[PDB]
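*Asks:* In case you want the letters, here they are:
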Amino acid sequence: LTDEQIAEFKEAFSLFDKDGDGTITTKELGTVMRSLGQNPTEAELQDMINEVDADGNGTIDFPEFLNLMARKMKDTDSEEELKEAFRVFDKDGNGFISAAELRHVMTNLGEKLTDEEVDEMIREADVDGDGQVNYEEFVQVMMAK
Amino acid sequence: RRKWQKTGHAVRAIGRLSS
Ligand SMILES: [Ca+2]
Ligand SMILES: [Ca+2]
Ligand SMILES: [Ca+2]
Ligand SMILES: [Ca+2]
Numbered sequence: 004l005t006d007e008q009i010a011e012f013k014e015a016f017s018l019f020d021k022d023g024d025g026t027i028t029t030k031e032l033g034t035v036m037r038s039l040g041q042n043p044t045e046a047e048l049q050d051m052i053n054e055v056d057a058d059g060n061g062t063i064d065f066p067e068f069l070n071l072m073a074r075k076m077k078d079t080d081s082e083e084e085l086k087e088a089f090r091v092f093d094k095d096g097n098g099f100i101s102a103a104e105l106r107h108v109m110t111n112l113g114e115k116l117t118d119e120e121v122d123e124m125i126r127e128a129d130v131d132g133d134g135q136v137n138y139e140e141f142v143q144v145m146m147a148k
Numbered sequence: 001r002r003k004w005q006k007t008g009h010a011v012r013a014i015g016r017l018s019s
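Going down the list, the protein sequences come from chains A and B. One rule links them: number in the deposited numbering = place in the first sequence (from 1) + 3. In terms of the deposited numbering, the second sequence has 15 at position 15, counting the first letter as 1, and numbering is strictly consecutive.
Bound-form chain A, shown alone:
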């Protein structure tokens, strides 16, 4: 890994760390998951944090988050991870991410995105010309640089 990737993950981290205190609490993780359409319980949230809570302080700090994201998985594992991520963006589950779905998820997470911005994103990613983003098209954007 390198600086650019670290800075990128730090921004990803900020989507969870709503108060900017440098740690992700179960409440913050819950807020993000609920914005994605999930409904995790307190127990489930504590278990998730416990998976990477090396210092036992009950929260995920950036070093812990970075370690989680830097971990290299097998191709098979990576493929299933990407598919799971795709399903989160593909709100209606029709196998395609629309501009409406993409903007909604991104905005709910904490990202600022205009219609023209999302239009451009979909356009660039749309390889087959159907106006939407399917799984493999999604993989290309995720792996791009």
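Any given hint could be a false lead.
These stretches of chain A come out as covered by chain B in the derived footprint (C-beta under 8 Å, 3 or more residues) [as the list claims (entries may be wrong)]: (1) 33-45; (2) 65-74; (3) 79-91; (4) 94-106.
Computed cross-link-like contacts, DSS-like style, restricted to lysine-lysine with a CA-CA straight-line distance of at most 30 Å [as the list claims (entries may be wrong)]: (5) A:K115 / B:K3; (6) B:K3 / A:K77; (7) B:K3 / A:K30.
No wet-lab data here; the hints were simulated from the structure. Cβ coordinates follow ideal geometry from the N, Cα and C atoms, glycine included.
Based on these hints, arrange chain B with the ligands on the given structure of chain A.
*Replies:* Structure of chain B with the ligands alone, referenced to chain A:
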């Protein structure tokens, strides 16, 4: 700048933790 990828990282993070 790389907004989509950034959100992608966050989504994948939740996946990793759920696994
Ligand atoms: Ca925080
Ligand atoms: Ca910790
Ligand atoms: Ca869809
Ligand atoms: Ca397409």
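*Asks:* Are there three or more residues in the segment 33-45 of chain A whose C-beta lies within less than 8 Å of some C-beta in chain B?
*Replies:* With 4 residues closer than 8 Å to chain B, the segment 33-45 of chain A meets the three-residue bar; holds.
*Asks:* Compare the distance between the alpha carbons of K3 (chain B) and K77 (chain A) with 30 Å, and conclude whether the hinted pair is satisfied.
*Replies:* Holds, at about 26 Å.
*Asks:* Is it true that the CA of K3 (chain B) sits at most 30 Å from the CA of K30 (chain A)?
*Replies:* holds, 24 Å
*Asks:* Do three or more residues of the segment 79-91 of chain A come closer than 8 Å to chain B, measuring C-beta to C-beta?
*Replies:* With 5 residues closer than 8 Å to chain B, the segment 79-91 of chain A meets the three-residue bar; holds.
*Asks:* Check the hint pairing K115 (chain A) with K3 (chain B) against an upper bound of 30 Å on the C-alpha distance.
*Replies:* holds, 9 Å
*Asks:* Please count how many residues of the segment 94-106 of chain A have a CB within 8 Å of a CB from chain B and say whether that reaches 3.
*Replies:* violated (count 1)
*Asks:* Check, residue by residue, whether the segment 65-74 of chain A contains three or more positions whose beta-carbon lies closer than 8 Å to a beta-carbon of chain B, and give the verdict.
*Replies:* Held - the segment 65-74 of chain A has 4 residues with a Cβ nearer than 8 Å to chain B, which meets the minimum of three.
Hint compliance for this structure: hint 4 alone is broken.
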